[PDB]
Structures are given as C-alpha cells and as structure tokens.
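Just dropping this structure here.
Of the protein chains in this complex, one is absent; all others appear in place.
All chains are identified by letter, namely A, B and C, in their written order; residue positions are counted from 1 within each chain.
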Amino acid sequence: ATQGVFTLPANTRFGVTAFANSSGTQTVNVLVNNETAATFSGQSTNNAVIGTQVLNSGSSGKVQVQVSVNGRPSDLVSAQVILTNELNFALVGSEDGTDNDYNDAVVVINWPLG
Amino acid sequence: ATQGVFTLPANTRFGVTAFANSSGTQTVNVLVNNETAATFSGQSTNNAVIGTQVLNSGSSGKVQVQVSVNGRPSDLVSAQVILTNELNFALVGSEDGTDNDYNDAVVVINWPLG
Amino acid sequence: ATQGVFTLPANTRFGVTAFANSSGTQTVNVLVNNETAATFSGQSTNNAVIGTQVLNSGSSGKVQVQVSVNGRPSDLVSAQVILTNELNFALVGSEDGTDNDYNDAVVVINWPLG
Partner (left out) sequence: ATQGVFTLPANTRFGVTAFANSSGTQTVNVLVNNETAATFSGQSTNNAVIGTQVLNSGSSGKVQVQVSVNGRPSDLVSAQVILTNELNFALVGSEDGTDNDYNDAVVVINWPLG
C-alpha cells in the first residue's frame, strides 16, 4: 500500500518535524500539491531534530513525505491518529538499510496549530 | 481515564519533543519512575519546539507526561501507536482553556532510537 | 477530554461491533445525530460479540458511543486511526469498575464498507 501520503484540511497550517537515527545522511522532502515545499537533511544516531517548519496545506490539502539517503529512496511506513475528534498526527517512519528499525528518518505532522 | 502515562521497555533510550500552540506559557514535565527527568517551558502560537531531549526509561520503564500553565494542570489526551511492529510513538495533546483544540502543548515520544 | 464521539463523513455506511469482557452485563448504545440507532447488551468474560450492525452516519455524521452497566455510565477511552489515507477505525474502550483494564465493553467502528 501507498505510504507517506495524507489528506489534510484545505488551506490549513500544519507543523512538520523530522528526526534522524542512522549512520546515513537523511534527506526528507515534504511535498504539498506535488511541489517540494520543504527539504530537511542531517546525520544523527541520537534523534536529532534535523528540521521543523510550519507549512500551509493549500487548496487540495495533499501532503506527501519522501525520504532518501544519498539518492536512494527509503521504504516508508505511515499512519494518521486522531485524538478527541480534533487533534491530528500524521506519522512516517523510514528504513534505509537492513535492520528494519524504521527510525532512520522519522517525520511527525501535526495539526491544527495556534 | 488516566492519560499521559506510558510503559516503555526497560532501559531504553527514547526521544521526547514538545511543541507549543497557546497564548499561555506551557510547562511540560517528563517523569521517569515518578521522578522528574526533564522540564521544558516556553510560549508560542506557531508550533515552536519548546524542548527536545533524549532520556532513558530506566528499570521500570514508566514514563509520565505532565503539562501545566501557571501551575494549573492541563487536561490531557494520549495514545500510543506502533508501526510495522517496531516503531513506537507515544502522543500527548493538552488543553489549557476553553476552545478544546488540545494542541496547547503537544508532546511526541518516539523509540527506538539509533 | 470528551471521548466516544466521532465525526464521520455524511451519509456514509459504517460498521459498529461491540465486545464484552466483564462480569457485569454491558449495554452499548450507538447514537447517530443524538438519537439511538442501535443497542446491544450482554455479559461475557471471553470477548463475545454482543452485537454488530451496519448504520448510516446521516446528514451530520456525528456518531456517539455510550456504555452503561445497570444504569451506571462507564468511563470511556477512544481514538481514531487511518491507514493508507483511506481505511478508518474509531476505537472505544470502557471501564465499569476499578481494575482499569478498559475492556469491559470494547467498540470498533470501521468505514468505508462495500
């Protein structure tokens, strides 16, 4: 199944934050309506916050997360959780290697803000 | 129901990151085995990271998140999610007022690291 | 925080399934637009499916779960999870006593159907 693609409310701010846990340098791309809106990168095995930003979901609300390590795409897992019918989290893990810890880059998207 | 309390595997590193979305100054306490292990405090209406730290779950694995604003405990909502039987997220939202957006302090706990 | 209340897309079929795990007889009421649309009752300590039914979310999409044991409301806990940006689960646990296993009546709502 497709992973790392979420439908957000239209025209709404959301936070996106990325964490690294790998010997490889991660590159995280955040796409909004199929255009690159943010790119984060770093190298840490201790959960460094390699980027955080507030973005707007635009007219379609379509948000996609892509992760790659020196050009090769990582395998993604994802889900969305809603607490008390209001608070949303979209969660992404990714695997760049063979140990299947799926933490090599971790992306958290949260809304609403403010 | 009790919220904000999580059982982690013993002696496991985990990341904790807190965001703020409120006019009020948020104080986030992270307790490991009933003892304060980290405290974050900050104010933002734009999802600013008010703290991030790597902690160890200790011998009991009990982790608890408290949130208060000017000494008043916020109402909490929480859940844990596990992706591909390996990647864990413990998620907390909190409400300090009346609009019930439950984002006034948001806390994300993730493990494993490394 | 409020629990057991979910907003579904309007005029959408959904499944609702209740399980029991308690010495007390559980009564599960499912409200659609503030009106009782289904009710199930039974006693089991071995996860009996005390009822399963297909309902329609109506014009408002507002779905609420209520659980009581001998007229006393149980304490509820809930969340919603979305898989591959399509498949929705709304999950309810409830506690009728003091052991806080929150399985005394368990309710699963899933959509889409068909």
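Keep in mind that, in the parts below, a residue touches a chain if its C-beta (ideal position, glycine included) is under 8 Å from a C-beta of that chain, and two chains touch if they have at least 3 such contacts.
Visitor: Among C:37, C:38 or C:108, which one touches the chain that has been omitted from the display?
Guide: Residue touching the chain left out of view: C:108.
Visitor: Which listed residue (C:37, C:38 or C:91) would be found touching the missing chain in the intact complex?
Guide: With C:37, C:38 or C:91 as choices, the missing chain is touched by C:91.
Visitor: Mind listing the chain B residues that contact the chain we can't see here?
Guide: So the residues of chain B touching the missing chain come out as 1-3, 5-7, 78-85.
Visitor: Could I get the residues of chain A that touch the absent chain, sorted low to high?
Guide: With respect to the unshown chain, the touching residues of chain A are 1-3, 75-77, 79, 81, 95, 100, 102.
Visitor: At which residues does chain C meet the chain that is not included here?
Guide: 15, 17, 19, 21, 45-47, 49, 52, 54, 77-79, 81, 83-84, 86-87, 89, 91, 93, 100-103, 106, 108, 110, 112-114
What we mean here is this: only the chains that are shown with their structure count from here on.
Visitor: State, to the nearest whole Å, the distance from the C-alpha centre of chain A to the C-alpha centre of chain B.
Guide: Centres of chain A and chain B (C-alpha means) sit 19 Å apart.
Visitor: Between chain B and chain C, what distance separates the C-alpha centroids? Give it in angstrom.
Guide: 27
Visitor: At least two other chains touched by the same residue of chain A: list those residues.
Guide: Only 79, 81, 83-84 qualify.
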